[PDB]
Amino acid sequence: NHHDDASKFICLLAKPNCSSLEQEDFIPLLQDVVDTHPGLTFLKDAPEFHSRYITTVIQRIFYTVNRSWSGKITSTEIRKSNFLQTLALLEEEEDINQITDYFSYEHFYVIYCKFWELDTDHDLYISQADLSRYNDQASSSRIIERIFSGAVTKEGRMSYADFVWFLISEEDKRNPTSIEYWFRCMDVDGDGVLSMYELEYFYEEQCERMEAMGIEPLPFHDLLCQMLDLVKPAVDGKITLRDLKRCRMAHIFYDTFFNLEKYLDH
């Protein structure tokens, strides 16, 4: 278990005397894919879409593989992922879009388009203001502030790469990585549990925003009863990440506390 494929792969791409991979270590590999793969060959003629594609794929790799959030990928993380399997499928499939995991170009396209849509001041960075000027209703400024606070890694600017993590997580709150993206945001004190105060702090803005729409919001007491019954935690007042992954309903939970649109759509 020290000389298997995952181990070799780390040795292959790591800097000398290193047993882990950073995002930068995946660049030569991804460049070699854009050059040689028939479904990405058209990117040779736009060597300026290279990075956005390469950066996007690398985000996706770390998003599902780097499960410790360390930023350094180990052979254990590789082993418990289907990444090498995907590389195998990558060599037999001429249509890159049929590779829905990591490499799909249409997947990258959608992400790049949404980044473009949001960058309202056109500076190629996503600010807190950019999100407010696109969609007043979707995400709460309190949850936005958490992201821009460094809860999921102040300059006040979100790069394109960090936006990838945001977009994937906002769209799909079912996969485990997304669940802890939002957990890190809601868990302000970092205690590993979502306290009543924390829950109250986020729900407070949801009430201000509903009342601004002429909608009478549900009182917190009744909300917490619906939510606690949905999660099925261990300890009554102590809601954990493990409880959220288990209940398979974390997306409804999360939207209730910081996404006004997706909440009203329920």
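Between two forms, the rigid core is the largest collection of C-alphas that superpose within 1.5 Å. Numbering follows the first chain given and starts at 1. What changes on going to the form deposited in another entry:
The one residue among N175, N135, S195, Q98 whose Cα position changes by 2 Å or more between the two forms, with the core held fixed by superposition, is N135.
Given the form deposited in one PDB entry above, produce the structure of the same protein in the form deposited in another entry.
Here we give the lone chain, stripped of any partners or molecules.
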């Protein structure tokens, strides 16, 4: 609708005559939430955590709401999300950690500590090498190289904000942002489909791995058959994001190609 809650929300935070919101536009809203909410008022006295919390909540808002990945939230995007409802719930709930969408402090601190552990040089960036060791090398060097390629964002450095997107996507491959996130990493040539040679490229490292452990890996041919039966894409040699969301098993597909540990566990 033209004058709905989403539309009025946009007009409220947007710079004048703008129909969309950028990350910066949410800052005064977050500052207000942190200054007023009883669960968050300790943050006034911990400036590094004050800033990191706001950055993290904003990443989470965009992660879930900004489905076009444009960096600009529209009223349509808000209307299809639970953000305004979550604001309505925020105004009552006194335990910030019960607001598990967007705002949870506990969730933020989990993310912060994980970032802290990976930021080996303590320079506020994560290197490709360090990220490769996250979760005991759970991810392949080829998918990590793709993360650092610009596919989901060269300085060779992942910022705190971008780590938020990585972390959420690595832990939860069932939400649509994550599925797109891994799709963009697997879509090496960026043509919007996963071709069989893009699949082989990732699978051949898992093979180079398996072989190095003394495991004879299942031949590409049979695995690809499995994955096609799994996904049932419209076009076999051109798997789309739509095919992967529709099959409802995208996370299995993804593990099979770049999380060797979670694969063997299947």
